[PDB]
Amino acid sequence: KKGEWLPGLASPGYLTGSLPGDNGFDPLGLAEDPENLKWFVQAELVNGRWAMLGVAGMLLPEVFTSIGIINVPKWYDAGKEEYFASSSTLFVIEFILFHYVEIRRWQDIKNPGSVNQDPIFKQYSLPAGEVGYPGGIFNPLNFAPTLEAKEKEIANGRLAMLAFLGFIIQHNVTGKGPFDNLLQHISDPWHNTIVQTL
Amino acid sequence: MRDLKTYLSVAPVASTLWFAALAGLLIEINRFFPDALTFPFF
Amino acid sequence: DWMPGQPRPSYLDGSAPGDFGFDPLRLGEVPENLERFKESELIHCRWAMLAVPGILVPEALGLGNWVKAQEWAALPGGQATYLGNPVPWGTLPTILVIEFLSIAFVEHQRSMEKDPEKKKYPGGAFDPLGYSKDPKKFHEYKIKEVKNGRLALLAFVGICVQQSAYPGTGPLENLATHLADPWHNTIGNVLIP
Amino acid sequence: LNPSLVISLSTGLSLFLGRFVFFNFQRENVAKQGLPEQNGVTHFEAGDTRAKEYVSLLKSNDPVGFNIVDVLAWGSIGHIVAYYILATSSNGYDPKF
Amino acid sequence: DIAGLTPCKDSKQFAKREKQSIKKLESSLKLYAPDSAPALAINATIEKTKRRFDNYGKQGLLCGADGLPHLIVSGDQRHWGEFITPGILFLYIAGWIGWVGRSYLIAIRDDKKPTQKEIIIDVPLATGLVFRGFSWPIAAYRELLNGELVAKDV
Ligand code: CLA
Ligand code: CLA
Ligand code: CLA
Ligand code: CLA
Ligand SMILES: CC(/C=C/C=C(C)/C=C/[C@@]12O[C@]1(C)C[C@@H](O)CC2(C)C)=C\C=C\C=C(C)\C=C\C=C(C)\C=C\[C@@]12O[C@]1(C)C[C@@H](O)CC2(C)C
Ligand SMILES: CC1=C[C@H](O)CC(C)(C)[C@H]1/C=C/C(C)=C/C=C/C(C)=C/C=C/C=C(C)/C=C/C=C(C)/C=C/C1=C(C)C[C@H](O)CC1(C)C
Ligand SMILES: CC1=C(/C=C/C(C)=C/C=C/C(C)=C\C=C/C=C(C)/C=C/C=C(C)/C=C/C2=C(C)CCCC2(C)C)C(C)(C)CCC1
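Chains as they are written, first to last, in PDB author numbering: chain 4, 52 to 249; chain J, 1 to 42; chain 1, 40 to 232; chain G, 58 to 154; chain F, 78 to 231.
Mixed in with the good hints, there may be bad ones.
[Claimed, not checked] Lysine-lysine pairs mimicking PhoX-like chemistry, simulated, CA-CA at most 25 Å apart: (1) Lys173 (chain 4) <-> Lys186 (chain 1); (2) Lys161 (chain 4) <-> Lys173 (chain 4); (3) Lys158 (chain 1) <-> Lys186 (chain 1); (4) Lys107 (chain 1) <-> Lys89 (chain G); (5) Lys153 (chain G) <-> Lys153 (chain 1); (6) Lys190 (chain F) <-> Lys135 (chain F); (7) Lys190 (chain F) <-> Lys5 (chain J); (8) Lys89 (chain F) <-> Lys125 (chain F).
Read the hints as simulated data drawn from the structure, not as lab findings.
Using the sequences and the hints, build the whole thing.
Structure below.
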């Protein structure tokens, strides 16, 4: 049994338990096409990795500054504190660099193995892995990219996307940090809900 | 009883029910948020 | 290749000087269009390659920037000045007439040829030192010319957009403004004002 | 300013250009465009009496074939140029920078 | 301001209209009792009027010489609540309806007697199809890229 998101409900014929994380969940028929599914798998992996980085970098600084080690601002404030450079300058740098790497990723999704080799040094290519999982130099510790660990990956990524949803709706309805939110619910919980918040 | 279930899905009855429910929904929305000219939220 | 991992056009193989397989709009899908486009590319590239030194050098000198140097014309008592000396035939209408006659003559002369290899590389009275000796350094020189020309066109349009962003400035004033505070005087301030 | 000076200068320039720069290009374009046709034949060959070319005055003793009609066309081009120059050079108009 | 329209908080004409309507109501009120059910209805209407005028004051709408509120649909960002965000809402809901309808039509087109399902709805089928409109934008996009939205050879 490749896992059921609903123990009574039958699988869809287009999900085969082949890709990691398959629990047979797609009620709105979004991926009943193989090309659609090939695209959506990639989008899910990459959105999940960004959500992972974002939520970790959002939440861990909070508790680090909340038991007194470093003083950092809040995430919904950190964009305002003045830095060594304009926010316009940082944004333009970001745009050019993300332009490069995203079009590289694009060509590899479109045509695996075609963007592998270094364009400056004609040596130093990449070995022939799979799409969504570029190992090689991007994997210095040479961890085994096994089936067990891909399910680990996508589960952490899904939970991270839900954590992001939470952080943003939380901030917009309550108005403070997610650690504020957590502990102020923690000690007296039976009067600390979304209900009393609304 | 099955024949009744079919009959209830004939075009005039189905549309009657659909629009009566829609009407109740819009009526109650306007009873809660009256005199709206804009989207005042965000 | 202009985009590693991107299929080439069928009609663009890689022999022409500069063909990197770039034509996403298939405007050269007709051969007799592509010939005109090659001649047109070289003409534009050559004009810009001659122009950008004419835009940078006199401003680096003690003269006004490329826009300031063409501003006497919009005033009645106009009078030009080369190297800080009042041009005798400097008034506008004489200049306009002379420019018209000369340019029309030479450009029609260009239009009256039908090789069509001479249309882009005539040579002869235009190749004095005879760099058309060998057909293998010749093709190399062609590639280097076209490459510098595309770079020159890039720089001329950059000059024009920087002009319309900071009206009443020169390119070297822009470079000075940017070296005066690199992390603060960049394009962000004209894309998010 | 001196009217007849500018007038004949513009006229002579226009006529020189017509006879020595564009005379070939123009003759070629006229050749390739041709006579107007209705239903496959020219206007004369469909029965129009008054629509027959004037072969008599078109012939010319020029070495290349300049005739009265080219002189009229190009000369008046020069005249129109001369009058534009005169009018706007004496109109006192001034924009502002 | 924009097109010469000054704010409804700062508009004297906007206020005049408010108080005129309010005390016309209250002149119609001074009857039937000071507590009877008609009086209660009229007072509810008065309070609703006050709420309406004050809400239009809060939302930063533009008033003219008439004293009534005007609408700016040019794209200016101070006024998206007037047209553009309710417009996005409308386009989303409308596409939802139409997408569900087209998918139902397509689902039944292979039946032996297709007209039988047009004049007598298959309600369980439609119940399975209603909620695809929730993601109709993404589906319609990948259906356009697929060469799958437009019937070929028509
Ligand atoms: C999925 C991760 C996650 C976690 C761990 C939390 C945790 C918390 N949330 Mg939050 N939230 C989340 C997601 C999450 N939320 C999302 C996706 C939203 C958008 C709807 C919100 C919107 C939200 C609001 C508006 C508020 C909270 C609040 C709170 C705190 C009080 C408890 C509560 O009211 O329940 C959460 C209320 C909800 C409506 C979200 C329900 C979460 C659903 C059921 C998914 C989580 C289930 C998951 C499988 C089990 C938790 C993981 C666990 C095994 C480790 C609490 C510490 C309240 C608070 O901070 O007190 C002031 C409050 O203000 N949450
Ligand atoms: C008739 C001429 C005309 C036109 C065409 C426009 C157009 C526009 N003006 Mg403008 N304007 C005009 C005249 C005009 N204006 C005049 C005469 C004035 C002087 C008063 C102004 C002054 C003015 C100002 C001051 C501003 C504009 C702005 C804008 C832009 C606002 C809308 C926008 O941001 O995009 C749309 C907004 C979105 C969020 C896009 C979402 C729409 C979705 C994608 C479409 C929905 C489709 C469907 C639901 C889903 C797709 C499904 C598909 C896959 C099949 C817009 C492009 C504003 C601007 O610059 O924009 C930033 C602005 O500030 N205008
Ligand atoms: C008007 C100047 C011009 C012309 C006529 C050409 C013509 C040609 N180029 Mg070339 N090129 C140019 C400028 C030009 N190029 C510039 C500035 C660059 C540097 C960016 C290059 C870089 C380049 C490369 C790398 C290659 C070519 C190639 C070609 C050939 C095939 C492409 C084609 O057929 O498109 C025909 C061109 C046109 C129809 C003109 C397009 C005009 C459109 C309608 C408007 C352009 C809008 C533009 C964005 C304006 C921006 C202004 C500002 C707001 C930013 C062709 C003969 C390919 C080739 O095979 O070489 C032989 C190829 O390898 N070009
Ligand atoms: C990047 C510059 C460059 C390069 C590499 C070339 C290369 C070439 N040209 Mg070309 N040309 C250029 C610019 C350039 N041109 C410019 C700006 C114009 C005027 C708009 C022309 C006009 C032109 C014509 C009319 C012809 C050529 C021809 C040729 C080809 C044969 C000549 C040759 O091989 O000499 C090798 C090239 C070089 C050695 C380049 C070095 C020259 C240096 C850079 C001179 C320094 C310039 C100076 C500092 C700037 C101010 C000078 C200014 C006042 C004039 C060849 C591939 C002829 C041809 O195709 O033969 C069949 C042909 O007839 N060119
Ligand atoms: C990308 C993302 C988050 C990224 C966040 C980042 C980088 C944060 C960055 C920063 O913090 C730093 C580091 C520093 C701060 O100073 C600044 C900011 C800028 C704040 C979240 C995505 C989060 C994405 C989410 C929540 C996706 C939700 C998808 C859902 C619910 C789909 C469910 C279903 O589709 C199925 C699976 C099957 C269908 O049939 C049915 C339905 C139900 C439709
Ligand atoms: C690639 C590679 C290769 C080489 O060779 C080696 C190396 C280097 C090792 C590598 C790397 C890797 C990595 C990076 C990893 C990472 C991961 C992560 C980060 C995760 C997270 C992940 C994350 C996650 C999940 C998260 C989650 C979260 C959560 C739940 C939250 C919750 C909450 C909320 C909501 C709200 C409140 O108020 C609070 C709380 C209650 C708290
Ligand atoms: C014999 C000979 C010769 C000579 C020649 C000549 C001398 C020439 C000419 C000529 C000319 C000299 C021509 C002319 C002219 C023409 C014309 C045709 C004109 C015109 C005009 C017009 C048409 C118009 C006018 C007007 C009016 C009326 C109104 C107002 C203004 C205007 C301008 C509009 C030589 C020796 C050299 C050579 C040999 C032969």
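Evaluated hints:
1. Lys173 (chain 4) <-> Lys186 (chain 1): At roughly 22 Å apart (the allowed maximum being 25 Å), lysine 186 (chain 1) and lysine 173 (chain 4) satisfy the hint.
2. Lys161 (chain 4) <-> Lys173 (chain 4): 22 Å, holds
3. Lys158 (chain 1) <-> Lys186 (chain 1): 19 Å, holds
4. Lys107 (chain 1) <-> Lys89 (chain G): 47 Å, violated
5. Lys153 (chain G) <-> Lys153 (chain 1): 46 Å, violated
6. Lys190 (chain F) <-> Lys135 (chain F): Violated, at about 58 Å.
7. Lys190 (chain F) <-> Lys5 (chain J): With a Cα-Cα distance of about 19 Å, the restraint between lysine 190 (chain F) and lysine 5 (chain J) holds, given a limit of 25 Å.
8. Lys89 (chain F) <-> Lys125 (chain F): 21 Å, holds
Taken one by one, the earlier hints fail for this structure at numbers 4, 5 and 6, listed in ascending order.
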